[PDB]
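Taking the form solved without this ligand, here's one chain by itself in structure tokens.
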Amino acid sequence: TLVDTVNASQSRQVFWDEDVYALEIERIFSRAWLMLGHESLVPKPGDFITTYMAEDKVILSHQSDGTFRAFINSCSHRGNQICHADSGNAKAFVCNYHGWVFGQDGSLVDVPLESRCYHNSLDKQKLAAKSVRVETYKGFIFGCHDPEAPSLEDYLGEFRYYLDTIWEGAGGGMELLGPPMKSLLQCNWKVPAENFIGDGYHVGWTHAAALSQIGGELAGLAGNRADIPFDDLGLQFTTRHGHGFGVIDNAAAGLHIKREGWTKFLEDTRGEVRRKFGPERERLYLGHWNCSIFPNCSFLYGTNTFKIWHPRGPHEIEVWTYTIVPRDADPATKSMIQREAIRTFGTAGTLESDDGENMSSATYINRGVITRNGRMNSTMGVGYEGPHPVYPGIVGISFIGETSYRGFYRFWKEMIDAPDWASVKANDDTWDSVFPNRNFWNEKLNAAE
């Protein structure tokens, strides 16, 4: 099988096989909502960015009318890429092979020599650049190719409970800072996806030298030794549509060395978060998160790096790295958060630079036939998780565990297995049956205190 949700293992084929990848493109990337950016990247009428949905190039544009639209960056004449700029302001985009002109929504708006040479006998209505459905959530902009897909809000689903903590927070939410770093990495897109969704375990082993160097709160993790009651220290979460994250308590700014403004902002705003969202979500607001949004967006809340893993076949990705900051922070704070986030997790990151071989080796080891016909284990903490009386979805007891792997691969499997969105929606109420320990949290909390 590709994914065993009973025994929590996956075939190595999922990082390697070409036909699996092709099924992902059709049943995940052509189906899901994918991260395009944020209003902050295209803030004024006419502002655009170019980006990817999987392996398709797209243009995202802030319309004169204040709405956002997206379309495939490919001319309807002979297919030439329409726009090569990373970003800009434009009322139109001109294909530079023959000069076809496309509107901010991808409409074909002018054709040179239309009278003389086309005899006004071109149906420009059938020649728009192909549209991409765009919806937004708290300023974050997503695209979707499937008209049968649920709304973005339903796709985030119960995960909005978590996101609202930080993407609304004290009132101002968060925004993206670009331009993005961009780099190629020779790994399957799922290796970084799972690493960010749930891999507290590697932090103390892989990043030991960065942690011990920084000192402070997170420096206790270095070495991965028995000394520490990790479960007291955080939680892990997964949801119906595969979105998940781990949280380390009171550690939001733990990797920032210059952190006066950021720590002050949290202290200043935590009160309003307690009033709006309660103590249980104030806990999260002060925590360090490692999160992935299904399928291929990730972020660290606290460290404030934000990543999109654009697949390039099954054995390569293009990683785009932005900074995520609160809108209401001072400019000096925003710039300082950006510096710290890039120094740790950018292309020359003091932590991120440790992980590149972890990602590539996990993929390319499967060049060998005997090797790839093996499997991978994600059983850490199995049965120490279940539905929770306050927090929605499924909660596991520690940031060191694999609750979020299991949630991720369960949904991956569901989507890969489903002929259409109707068949996914047909199991909305039984998705979490694979987490059998229903009274885990009842018993844990009753017995506690």
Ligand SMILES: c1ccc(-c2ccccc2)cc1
Second form
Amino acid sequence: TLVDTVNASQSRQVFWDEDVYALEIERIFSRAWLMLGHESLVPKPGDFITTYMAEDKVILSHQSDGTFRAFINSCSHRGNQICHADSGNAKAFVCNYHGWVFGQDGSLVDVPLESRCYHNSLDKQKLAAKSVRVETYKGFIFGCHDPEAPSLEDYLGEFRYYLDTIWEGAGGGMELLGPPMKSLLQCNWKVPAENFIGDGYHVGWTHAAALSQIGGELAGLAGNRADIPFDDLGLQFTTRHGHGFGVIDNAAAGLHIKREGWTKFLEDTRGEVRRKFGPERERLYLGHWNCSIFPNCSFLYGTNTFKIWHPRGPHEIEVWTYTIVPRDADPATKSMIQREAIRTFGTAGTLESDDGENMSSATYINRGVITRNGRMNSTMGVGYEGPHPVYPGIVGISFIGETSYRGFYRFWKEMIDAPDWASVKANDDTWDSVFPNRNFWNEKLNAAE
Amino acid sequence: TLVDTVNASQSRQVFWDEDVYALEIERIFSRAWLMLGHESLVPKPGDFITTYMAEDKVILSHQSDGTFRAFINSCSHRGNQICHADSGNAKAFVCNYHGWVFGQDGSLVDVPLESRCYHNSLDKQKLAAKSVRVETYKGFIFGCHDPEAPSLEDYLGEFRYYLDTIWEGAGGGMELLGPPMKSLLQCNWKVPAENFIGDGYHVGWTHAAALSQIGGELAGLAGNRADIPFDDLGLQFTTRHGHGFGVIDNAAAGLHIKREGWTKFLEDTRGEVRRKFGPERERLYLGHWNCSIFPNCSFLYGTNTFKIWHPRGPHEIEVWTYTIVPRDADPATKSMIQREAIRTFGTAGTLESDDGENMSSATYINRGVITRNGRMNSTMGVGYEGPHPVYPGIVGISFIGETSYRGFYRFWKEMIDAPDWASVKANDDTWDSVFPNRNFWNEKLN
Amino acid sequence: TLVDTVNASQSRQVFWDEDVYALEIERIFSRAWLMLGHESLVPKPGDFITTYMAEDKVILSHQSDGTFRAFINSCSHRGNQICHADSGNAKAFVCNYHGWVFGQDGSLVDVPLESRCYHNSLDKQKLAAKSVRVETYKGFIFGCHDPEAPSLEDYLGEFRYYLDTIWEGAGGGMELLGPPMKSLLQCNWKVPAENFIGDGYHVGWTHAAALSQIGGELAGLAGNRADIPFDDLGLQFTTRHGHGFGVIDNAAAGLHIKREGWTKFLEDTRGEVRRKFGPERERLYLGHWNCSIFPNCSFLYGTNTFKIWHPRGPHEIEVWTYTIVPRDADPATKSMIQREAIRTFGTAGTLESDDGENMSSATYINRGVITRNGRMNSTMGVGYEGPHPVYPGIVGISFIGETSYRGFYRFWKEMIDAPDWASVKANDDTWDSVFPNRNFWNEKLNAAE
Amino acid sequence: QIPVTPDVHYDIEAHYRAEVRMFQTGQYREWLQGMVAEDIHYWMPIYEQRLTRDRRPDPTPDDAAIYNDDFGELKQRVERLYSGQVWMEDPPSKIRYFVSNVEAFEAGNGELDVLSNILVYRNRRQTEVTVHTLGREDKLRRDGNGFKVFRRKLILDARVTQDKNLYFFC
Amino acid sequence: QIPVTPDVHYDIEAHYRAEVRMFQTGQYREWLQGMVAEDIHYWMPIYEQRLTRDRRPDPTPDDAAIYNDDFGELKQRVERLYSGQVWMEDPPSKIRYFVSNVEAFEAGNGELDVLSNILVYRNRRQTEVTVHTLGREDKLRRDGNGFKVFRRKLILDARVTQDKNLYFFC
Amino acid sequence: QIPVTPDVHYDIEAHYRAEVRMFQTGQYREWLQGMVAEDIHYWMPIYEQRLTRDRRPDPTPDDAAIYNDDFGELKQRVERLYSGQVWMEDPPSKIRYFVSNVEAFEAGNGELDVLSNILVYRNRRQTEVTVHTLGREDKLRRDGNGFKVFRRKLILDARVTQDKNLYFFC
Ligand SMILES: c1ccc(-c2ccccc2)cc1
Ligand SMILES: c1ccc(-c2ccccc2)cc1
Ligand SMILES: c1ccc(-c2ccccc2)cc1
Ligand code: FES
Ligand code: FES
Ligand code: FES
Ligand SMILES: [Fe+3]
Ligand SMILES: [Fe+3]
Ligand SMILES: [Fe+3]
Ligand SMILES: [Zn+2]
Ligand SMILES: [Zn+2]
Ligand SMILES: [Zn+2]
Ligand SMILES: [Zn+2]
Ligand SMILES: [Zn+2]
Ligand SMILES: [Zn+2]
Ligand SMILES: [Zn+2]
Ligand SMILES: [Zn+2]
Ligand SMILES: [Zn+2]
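The form deposited with this ligand bound is what I need now, so please give it after the form solved without this ligand.
And the full complex, kicking off with our chain again.
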């Protein structure tokens, strides 16, 4: 047993084993929708960015017709990489080896000496670069390798309820700012994934240094004091397709010292958000998030950092750090949020620098044979979770909880066990049977007030 | 086959192959007694040291009661390493991720927000750190993962006869002196293991510069000359559980230039060793040893260097170099032995620096496919050996021999073939059948 | 399929996959004759070099009787490497661990303390360093491991017709000039192999800056412009055992800026070469070659660079660059050719430095799973090829083609599929059936003039 | 554009040598105080790989950057090493700088434009080692019997940082 | 073998520092005319691993060498990088030099024999990094005001070059 | 202690530059005579990874140490390289030092406290390469020729030595 959804525990082979990584690449990264980027990274027709779909290099390009297309960054001639630039504007991509010109959708448009050497016998339509399915959600561009997969709408599914709160907001929505901060971290891709999905428990201990100096609202978390009630101060969420996040109330501009533009933006837009998405989602709109979109995209709403974990084997990843910001926010406010986000969660971040060893140590400790045969515990908040009357999916009582952990590894187990999407789609009705307490929030809300 | 005990030869796959190394980890380092350290490294109650048990990290801790417990250095929550310090004093070990504190025996004593977040719905008895069995022999602490294994004293077995000569001696015994010199050598763990078990043949050739420079009684070995009688100069030994060592007669303080404390200690304590263990073991007490304890510990009594080969895969190891010194020796003598041991066999040792390529080249030459299909030869002095009347186990004629080589790979082959200890324990009365000449020492002495 | 000979395409798994490399090492490097060196590298009795045969370290030595013997550079005692010197003169090789003396033929001749410690019981006859089967052709020394393999002349076969043009020529022949230039390149060994066998197509595109600067005859290739007639400018050949090369007419001393002695040597020797071999091979004698001998030797006659690609796994090689010069040429001309060859195709070569990425990027692009499951095209000039009524094997109309590419991977597929040399030799009469245009050159020659 | 005199070059070399000692010994408060001015702009911009034909301008302080701090925000970074309970850094990682190719130029108004190469070697725990190479561009002014940097631009060589973090001062 | 004076040592140090800046900034044409003589011999011989008992003489210019160029052949190499359009170098590799042990000695005819240690760090693309340790032996003359090298022997440490190429000046 | 003057700092730099050349060329006997005092204490302590709350004293020359030699024991180490037939040194392995951050201070009685960073790059055989970074604390002493070190404390960065050995001076 790699993952135990009933007991809420996982084997240490998940971070270390190379054959498990082979199953992950086949039944997750070559199946589910992966984050390519945003339309702000490729705004004008012709603009493109090279990015990773796990270990596959891909060129996301903004098309001349208006659509967004992506394809594998590899020439059909000898396999050579077509484009090496991180970003730019190009109507056609030329390979550096022989000069095969590729189109904006990866179609082989032209080849040098076609009439002379090839004698026009080269079937260029069959020699197109392996195209990738591209779909957008509120500007955020995703990518998928499986034709039999569902839509990006359905893949997010009930998680769209939450995303709409911030990714639409008061009509403006949000966008990514580049260029990103690329850096290699010697750890498994799931350790930062599980961390950013619902690890409010480490915030007080690991980031006790930074939180104490900054002060404000989040200073009380430092040292893991038992006096402060975390159940009333926050909540946690998890969905059908492994998407989940923790939320801290009234801490949107938490870590920001220079937050005038960002704080005023929320106070001006909270009235519109209360009207659109109700007071239940306005509560989230004013709070600090710690989200991971399955499998390998994470972000912190409020702190406004946006990360994507590109796996490079079972023991290493390449962390791409963007800065997520509102569209309708001022250019000065966007620059302010960028500086504060990078100062906190950049390559030399005041917080991010603390997690460095926490990610690597968990992975490379499994180098020992007796160690990796052991197991991991994710049972924080077992019994105190279930379907909320208002909020969709499963909800936890506190942000310092492991409801998101369980939901992440449950969908992981489902994807790893299932041979195809047809087997996954069959369990749409009975996916949350592993969460036994059904009448939890009914009894809890009746006891309150 | 991997090992041939009859003809005394081994395949080159033993130093290279991945699947063999996977079998080694499981059928050796996860079954045998591995050298963790000594009471001197953790003298007072509360003192601890982080160390290796192969590729597993472990925390050896002196308990408040006095006993010693060891456990895997990994938090039961997410698997993160609990303690990164080499040594120190601690009544509890806190994990750096979320703050899970563990006791001296590796039990989950307390966790932050257990009342609030967990609601006391956490079986902390079952979520303790993976404990390891810990037994000690004359101060020297060992560790074992397999619960079905025998005792440490029985695992040593007939080798205890020899160990008692030096690890008890006059009464005090010996102790390690840290901190150790850690260093990565790109080679298989067996190559140093076989070297220190009984490779006196390489000493005259490889360390011809150091021996000729230092001079003295060990200077004659340099160059490998046939005129000197090696049969009279030393002997070689090997036991049932893979342990073995060579000995040079009256060469204890051979490599030491400054040796007023170490030599005079032996001169004062030799009379006590002669009374207790007799003249047969007095011979060893004055001689320079050359030992390896199976699997992966080794030392040199005389030069007083102590090494443990922690494997990091089939083509890499991490060498921890402690300094083994006598307890009852004076503080000035202990420090003198430490400087001479490091100057000879340290990271920048005058001898150890010569062996660097000899370890690595033997392993990485098997990168080629045609090369690794070849074989190695350990047949120096085959037949010229057998059961000694006085000394237990099997003994060889000269220290320049491969009796310990044969005995090392023989028990190695047995551990690799046996699925459990019951299969190994079955062949206690038929382990030395590979050595044919039983009436060798009976005729030689007559 | 790993290689498709009908459609002329190969899978990208060949550059990347470890199991394919395991087969390559079993079925190609352990079978085929590998280039060890030349007489000139070890000219006198006692002379040796250390070189590789794949990942195996070997010691080639010039014997007392004049013959050449090779053996594995590894001691029979504990495996330790015997000789670390790149070259020298020695009547015996001593292992530095214990001192086991090995002879020139790799026989364990002497052991320290044999009578004393070993008691003369050590069977030295059975403990010789594993000998490699050595054979030579026109000075060039080869090495083989397989006992059932054919002779060196049979292995070359049809290709010797071409080799005799340069490796004998006027009578002098050719020789290698050491010491070589050793350097690691993060790529598969087949990518340089296919490049030097017949990639005239990349010469105009990749080396446009270098060729345009030098000028002369080869300056016209810069940019691969359609105006020029590439068919008349050269040809391309391939043979049974995968040996093949392209030719550029009257461009031998093309890249040589200082070509005084080199061109004068050709002008003096072209007459006797014409009378010996004929005007069809005189054309070759004056032309610029780009050859690869299967599996892993390659050279450029004219520019006079000689390379051997020693594989260090599927994703790495060690390039040994020699300089190939004629025996009868003057010492000043040899040194002039040496400087011009290294300046062009050395470690810091003006041309070779351009190809650095083209080799590595083609290999490491297959790090992604979706990428490496794709395919590579090699259909340039398919159909425009066949058996020549004068030249042996299969010939192509232009040197900018992929006849050699097809023929290289065709024999590669034959070796990887066949379980032994007996199964290979069965295809002696039906190897070039994959080239369907039988009546190509008969129609071409009769239509012309 | 005028290069500084040999005597002035020694003082700038000696200033950086003292500055390196304070980084390695962990005296950041004492560095921030002497060798850093209150109008400091500590800047380490993110250079992305572009084609040479690309006509876009180089990254400005308004664009994304790893470091982009003033004195107050730079002081906040320094206090984490002192007042913070950072578990990664008990004990502190051993760092060692190798400043070279120091070239000062007179920028007028008693201000000096200085260019130099920096090779940072970092060691932590048992076997972890990471190496970084940077191209520093400074503006130093004479303040009392010494120097103080007020503009500082650090150009990283590697696009992808092969390290856990870049939390170290240059 | 007379060591140069401290005043002359700085001028040679400052010359190599200005020389390093030109390689890093990619100003090869100005280097080729301003800091190199027209009778230059740029040489990098191929040393091989021999036994100590071997008595064969060390590599000469007649033997094999990675570099063995005159002035015109150096100009052939420089103009490739400058006017040409190399795809491998679009964009362009980040390079950085770290010169050390600059010991100069006086020779005849106002010439200076200079020994130097060089560490070259090269970065390119996303995660590609390579290091080269090298020993330099030069003969410099005083082109007032001003030095110009006319002999340059580069000694590589590693036998097998762990890099795609060695196409960079020292 | 007060920092040394520019003229004195140059002589110490020139002394170390010469000292490095003697290590690279393999002139260990001439080094020991000229450049080393007869009461030398060559010391390289084995530093341990300890928690910040642990308040044990720093290692001392009678705790474990890799180097802990006097002049007579330094001769033993030098004579191994000369008269000895070490096989790992056929052929002799290449080493290259990069001394930086040299800062001298007047201790007293004609003695100089000198701190400096050292980066050792070692190469041997075909593709074997190892790097070492370490801090050096010296007490130099003036005499007829120039200087002579009588105390030398070398501080290794890495806990676990990623090399076959540390058999090299400084
Ligand atoms: C995961 C990642 C970051 C945080 C977080 C850090 C600081 C302030 C607020 C939340 C919580 C969970
Ligand atoms: C194996 C290892 C070391 C020695 C040895 C070296 C020097 C002095 C005494 C024994 C003998 C065999
Ligand atoms: C393959 C390799 C090299 C060349 C070539 C390069 C320059 C000049 C002449 C031929 C052609 C094909
Ligand atoms: S590899 Fe892209 S053109 Fe040949
Ligand atoms: S991992 Fe050790 S506390 Fe959670
Ligand atoms: S290993 Fe070569 S002689 Fe023992
Ligand atoms: Fe965090
Ligand atoms: Fe030894
Ligand atoms: Fe080319
Ligand atoms: Zn200053
Ligand atoms: Zn500024
Ligand atoms: Zn970096
Ligand atoms: Zn100048
Ligand atoms: Zn010259
Ligand atoms: Zn190099
Ligand atoms: Zn001096
Ligand atoms: Zn001292
Ligand atoms: Zn080191």
